[PDB]
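Asks: One letter stands for each residue in the lines below.
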Amino acid sequence: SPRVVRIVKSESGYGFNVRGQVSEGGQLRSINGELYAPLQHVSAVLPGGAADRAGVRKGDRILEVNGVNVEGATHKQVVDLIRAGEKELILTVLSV
Amino acid sequence: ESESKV
Numbered sequence: 001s002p003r004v005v006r007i008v009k010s011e012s013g014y015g016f017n018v019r020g021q022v023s024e025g026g027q028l029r030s031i032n033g034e035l036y037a038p039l040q041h042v043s044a045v046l047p048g049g050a051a052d053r054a055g056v057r058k059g060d061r062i063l064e065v066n067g068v069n070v071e072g073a074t075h076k077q078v079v080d081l082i083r084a085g086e087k088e089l090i091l092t093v094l095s096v
Numbered sequence: 001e002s003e004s005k006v
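Here the protein sequences line up with chains A and B, keeping their order. Take 1 as the starting number for the first sequence in the numbering used here and just add one per residue. Take 1 as the starting number for the second sequence in the numbering used here and just add one per residue.
I should point out that these hints are in silico values taken from the structure, not numbers from a laboratory. Possibly wrong hints are sitting among the right ones.
To be verified - When the alpha-carbon atoms are kept at most 25 Å apart in a straight line, the in silico DSS-like pairs for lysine-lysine are as follows: (1) A:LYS87 / B:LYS5; (2) A:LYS76 / B:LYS5; (3) A:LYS9 / B:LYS5; (4) A:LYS87 / A:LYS58.
Please model the complete structure; the sequences and the hints are all you need to start from.
Replies: Laid out in structure tokens, this is it:
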């Protein structure tokens, strides 16, 4: 079940990669018996850095950015939301 | 379909 985690931006960012769909909407899908519109997932986690230290794992799905639910959101829409924050990032991530 | 480094 999803966990809420805080990543503190270092000089070189949050140290993880997001990958997902380019266009809005998409098929409803179930993770751990729970239904969602398509989510972006963490495609890479920089070892020993920021996101890693925060507990984010590769293949984690991103459910919320800073408390904003982002299911069904496009890739551009999500990465924008992350980069909005000055100092830090609060992620609601979901493992599989 | 697309990736970003953040």
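Asks: Each hint: holds or not?
Replies: Each hint tested on the structure:
no. : hint              : result
1   : A:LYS87 / B:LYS5  : 17 Å, holds
2   : A:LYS76 / B:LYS5  : 12 Å, holds
3   : A:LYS9 / B:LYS5   : 13 Å, holds
4   : A:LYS87 / A:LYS58 : 23 Å, holds
Checked against the numbered hints given earlier, this structure breaks none of them.
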